[PDB]
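What follows is one chain in structure tokens, specifically the form deposited without the partner chain.
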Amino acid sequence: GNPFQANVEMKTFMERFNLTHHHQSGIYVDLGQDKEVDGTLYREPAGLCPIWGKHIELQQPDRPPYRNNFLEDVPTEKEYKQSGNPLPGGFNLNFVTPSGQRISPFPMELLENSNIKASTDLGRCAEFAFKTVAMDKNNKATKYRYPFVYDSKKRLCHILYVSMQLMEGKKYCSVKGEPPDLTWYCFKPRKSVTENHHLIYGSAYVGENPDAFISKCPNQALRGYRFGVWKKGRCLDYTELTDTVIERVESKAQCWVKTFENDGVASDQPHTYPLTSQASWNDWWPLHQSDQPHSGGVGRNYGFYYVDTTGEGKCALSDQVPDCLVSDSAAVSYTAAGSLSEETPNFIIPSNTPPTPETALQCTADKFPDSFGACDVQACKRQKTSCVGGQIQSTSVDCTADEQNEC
């Protein structure tokens, strides 16, 4: 009797944390699909959940004309003639309509318009991205869809022409202008303990069903609980699992960053990039490669900050999809997909469309009596499930004096 499985409301709550199920693609680098454009096969971001706080850190020279900001416009041919190597600018789609209307960034007020069906601001930007496709050379609508960033502060929706997310090595690219002959600067995905929390990155496919992310993706940190897996008749938090990575942290936010940046996070990036005959890297989109990985969202995406009995702040990282929780008011559970904050921001609350509940961890002492599992005689602990201040509690406690003879 895992209560988190036996209770269908608690079960459906825990499902939001399964990134392999809903997101289904890379998170650190998302390149989960393939689409041909003008006779060439390109990798395309495909994941269904927004990645909160994800930004691409660029490594352009530290001088004019370089902004080191992936939200800047992709450069014009002239701009690049003027700058020298490497390319200046950013990843932002710079196209104009025949009318001369700019496509990105696009303001949320203009979206909130009946061609846009999403009920939340973040969903409206995802839906905009989903309704925006590469046009081929000739000029026809293609199936390749650009990823987006919602800058939730400025309320602006960015369609990124550049769908590349990681490029490293003097093979392909320069770091702060060294070596100088290379066309591309290097870049990589980051989250920061302090910056760009108000930026949300996503594949266009978050917009295909633009309200689904609200209730199927783990958007927000989970305060007051530690991710766990049901074993031996009780909830074992990640600290009790053999394959967990445990690192010391100074702060809870560093743990949140580590769930995205650790070496085992779900990533669709190949270890060597494609064999071309170009001098170096020379495309706006990643090329299809026979041996490309598709993580399908599987990876060390999960973790929690907690304080050990020694008083040290630590971060437990796991690839194990959680199917239970251990309650701990000081703990916070994070994923590679969600935000640092545990509070639901305004811009994923229907602007109109009732808010979907998560009432699954609410309880009453009356209807939810103290319940004890059987003693795990290996650890000599047993599950205790109960209700305190209207919140479900789940911990491992001492076995009865009698059961201890069997440990």
Second form
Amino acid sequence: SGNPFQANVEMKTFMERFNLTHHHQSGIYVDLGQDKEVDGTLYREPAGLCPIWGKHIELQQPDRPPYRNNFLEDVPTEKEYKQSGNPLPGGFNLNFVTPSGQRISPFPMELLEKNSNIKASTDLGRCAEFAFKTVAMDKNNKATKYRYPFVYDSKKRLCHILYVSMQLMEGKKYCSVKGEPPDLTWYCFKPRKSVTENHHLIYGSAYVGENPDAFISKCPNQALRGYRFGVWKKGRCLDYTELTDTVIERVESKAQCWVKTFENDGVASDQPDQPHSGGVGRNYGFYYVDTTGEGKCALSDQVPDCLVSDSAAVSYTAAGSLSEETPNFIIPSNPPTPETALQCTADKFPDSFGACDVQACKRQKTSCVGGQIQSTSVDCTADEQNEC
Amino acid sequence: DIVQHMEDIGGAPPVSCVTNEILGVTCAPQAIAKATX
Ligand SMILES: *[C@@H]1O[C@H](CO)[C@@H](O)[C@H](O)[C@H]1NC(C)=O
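Now show me the form solved in complex with the partner chain, since the one above was the form deposited without the partner chain.
All chains and molecules follow, beginning with the one already shown.
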């Protein structure tokens, strides 16, 4: 102990943004964390408090008109499905309108930023709040407490509400892949993140809008450059590569690692039986270059409580973006960066060394380099090595 | 059965209208495909 990353309120608050069981509190790959009654039937509801950057639902419709394979297309009308045949055409987007024909979805950010009811301080927050402020009506035309999930398109600046809260459909008894088998009503679909595509899409439960500025300080929105996540054990920060249950793979790029923190088979997921992960899962990882120059990806389910300095590493989570820098649409109109939380000055922040961990024969070294806290494990002293 | 299976994977209520605090009540202008709900 004497974990520098737990040493004071501000550091603790900083490191807490990485704990997806603390604030997000639901599934990531599939989020169905809540149950809501509509008209006497209980339904599963996306519930997570953090936006999932880059998450989209990839569809398996036939590759031909009228099918667009794009979840952001309107849900299909009965007449459209009659014309297409199987499977269902269209996408997940809510197509409802007011009596004058104004669409609820997609809804332009340009209207949300000048509306007195919308209190959020960022564009993402305003989309999330719009989603929170939308509820299903039941068969008596009464408001319920059931809320559809949203996708923010930060490229087009459009807020989408999804009528389809399903995120994963599979099994050849239920859905077809590219129209095969042709008798099936549903096409298959699954959540994806991609090394190149749809980074500008952000998927979330409507509950991201419940306290719509909260995600800015409580969610790991951006990748963290320059550090590997680790856990504090035997007096020093062990990065995931030192942990037994860690999954380590060679990767050709950092982006592939970011995609693996979301797609790997242990990511927090609520998909069947109705599991509630509570955000527990293998959601954390980092790209690093190992000592022989190979690019690797380490994935773990251990929530990080310290960091190991490594200027060529980048730490990702299942929830966050590939981007390492705060984008403009989450900066308040009016929360410290990693650079700020991790800042030090050389003459105020002396080197410290912890006790030798005689099992590994290594000790913690914490120092200030380049105005930023460094945290590594170094060789023990000669005498200490006697004890190893 | 098929209803329990769909519910377990997030199949949503058969809803024709939503209320939004900015727009008020908003409804499908044509019947939505039944299977969607
Ligand atoms: C993550 O949050 C959960 C629940 O809030 C908590 O029990 C756990 O201690 C946290 N883990 C940390 C800070 O490493």
